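With one protein chain held back, the other chains of the complex are shown just where they sit.
As written, the chains take the letters A and B, and residue 1 is the first residue of each chain.
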Amino acid sequence: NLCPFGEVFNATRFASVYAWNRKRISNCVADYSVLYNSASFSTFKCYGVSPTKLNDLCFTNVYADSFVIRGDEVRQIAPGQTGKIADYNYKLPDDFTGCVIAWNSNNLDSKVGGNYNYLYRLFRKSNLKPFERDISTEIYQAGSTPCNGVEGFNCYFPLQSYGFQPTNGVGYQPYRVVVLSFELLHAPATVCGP
Amino acid sequence: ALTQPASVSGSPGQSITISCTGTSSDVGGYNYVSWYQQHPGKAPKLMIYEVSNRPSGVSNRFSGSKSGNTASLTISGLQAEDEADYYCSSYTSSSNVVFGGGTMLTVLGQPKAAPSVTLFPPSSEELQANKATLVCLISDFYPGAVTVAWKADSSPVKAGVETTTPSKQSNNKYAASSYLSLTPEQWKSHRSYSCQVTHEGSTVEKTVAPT
Partner (left out) sequence: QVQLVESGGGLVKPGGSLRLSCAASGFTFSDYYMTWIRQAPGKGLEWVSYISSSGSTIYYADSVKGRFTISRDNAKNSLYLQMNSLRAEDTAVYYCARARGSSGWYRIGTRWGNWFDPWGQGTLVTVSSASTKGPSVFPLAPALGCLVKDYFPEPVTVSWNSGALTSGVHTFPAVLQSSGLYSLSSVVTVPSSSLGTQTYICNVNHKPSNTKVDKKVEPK
């Protein structure tokens, strides 16, 4: 009945940002020392409450969102950010109460022929609302000329591949990001510390 | 389904282009046009992908371009080793891949070469099996067009001849072979047997004798 963080952090394969994975965690005891007393992580910035004190707090649900981005774009995973990833793929709200954990995964997610299994959205008619997921592949209309499902000039496929290669610079290398969201809503606390 | 010229030819050192024409739904619809080169007896080798990307290691003489519904593979500074078959492929609106018919690229001005003929008589075991085969092997010759004549002693033979088409080798020259199938009686019944190969207005002769 311990909370299955291993399934999220230790997954063989991660989601793409535009189709970011969300794991609901409920009805269990969460040992937060496993994640936070670790030397793995390259980025560990909480915004709501401090991770040390995590064990003394208690929540309705916790949401573990997971995805892969470039190192350069880990900065965009934070409240009030803007950019391709924050606006079109994964947006956190300004009242975010959680933790952003990121780590370098060049050894896992880069291949010499290019790793095209991780995509992102580069075009969208409006900015995402916080925690919106857009999985549409509708051709993006970039001009006044309409796209009736056909790609051409000013009509672009909305998704792009990272093509992660091992030779890339650290800023261009893949990073696995898990974002922990602690909501304490109108319902009882169903996840808590030891 | 994609249209390629069947053959093209250029002189060494010049620039040469191979066109690949598709439709709105493939080469004109996406930037996913690939080019492969294939040498005799080898598997295809990817030279260009995504219209213009060159994999690491491919010569910088190869580049890819697209315009409209026609993709192009261009080779700067032709070399004799570029003589091969070239294929274009692209991704389709139905998420298939289609290839073109292929293009045999010829490099002109290569030196002529005389054939190396090697004629063999029937083996002892094959004659103990009451059959006789004379084997004539022709190799390392260019251009790839030869005529083979068999002479029993000094008279022509037209029965029991099977000759191959000329096939291109790795060194751009050609090989071929001819076979004369005869009775043991006929083999032992004659003074000599002759395989003579005529290539570009000259003749080479090899002759074999019962022993």
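Note that a residue touches a chain if its C-beta (ideal position, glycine included) is under 8 Å from a C-beta of that chain, and two chains touch if they have at least 3 such contacts.
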item	value
Hidden-chain contact residue, picked from the options B:55, B:68, B:109 or B:143	B:55
Option from A:38, A:161 or A:167 whose C-beta touches the chain left out	A:161
Residue of B:21, B:63, B:72 or B:89 in touch with the missing chain, whole complex considered	B:89
Touching residue (missing chain; options A:89, A:115 or A:181)	A:115
Touching residues on chain B - with respect to the absent chain	30, 32, 34, 36, 38, 43-46, 49-50, 55, 85, 87, 89-91, 94-102, 118, 120, 123-126, 129, 133, 135, 137, 139, 162-164, 167, 169, 175-177, 179, 211
Sites on chain A contacted by the missing partner chain, in the whole complex	13, 111, 113-117, 119, 137, 157, 159, 161, 163
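By definition in this document, only the chains that are shown with their structure count from here on.
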item	value
Distance between chain centroids, defined by C-alpha means - chain A, chain B (Å)	55
Contact footprint of chain B on chain A as seen in their complex	150-152
Of chain B, residues touching chain A in the complex	24, 29-30
